[PDB]
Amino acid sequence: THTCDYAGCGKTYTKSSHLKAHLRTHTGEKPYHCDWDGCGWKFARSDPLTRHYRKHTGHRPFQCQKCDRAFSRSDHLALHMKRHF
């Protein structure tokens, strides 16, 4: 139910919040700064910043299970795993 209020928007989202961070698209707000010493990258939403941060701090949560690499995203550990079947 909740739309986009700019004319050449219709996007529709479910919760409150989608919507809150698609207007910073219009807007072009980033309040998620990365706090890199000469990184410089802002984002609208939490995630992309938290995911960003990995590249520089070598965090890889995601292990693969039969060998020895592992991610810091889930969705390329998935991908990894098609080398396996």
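Residue numbers count along the first chain shown, from 1. Between two forms, the rigid core is the largest collection of C-alphas that superpose within 1.5 Å. What changes on going to the form deposited in another entry:
Rigid core superposed between the two forms, residues 11, 76, 69, 24 considered: the one with a C-alpha shift of 2 Å or more is 11.
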Second form
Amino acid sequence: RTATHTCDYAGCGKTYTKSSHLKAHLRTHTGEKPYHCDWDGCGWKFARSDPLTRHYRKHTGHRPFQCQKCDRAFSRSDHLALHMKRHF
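In place of the form deposited in one PDB entry, the structure of the form deposited in another entry is requested.
Excluded here are partners and other molecules; the one chain stands alone.
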């Protein structure tokens, strides 16, 4: 009646709290990657949606994160964070 979301694969008894995390984990067993990049010529596929959204910034040149000292811009927040270490 009330229980955690479990992976019913024989060799996997792992569990998750969010249903979305289990659905993503199942794709590691089947190898499915339903999130396709429609950019003509790319062909990349991903198991989750967020790496595709992130990947897409490569094509669009979207770089919201900018260093306010040297003016260099990045497409990801983790890239800016690492860059800031250069200004310590």
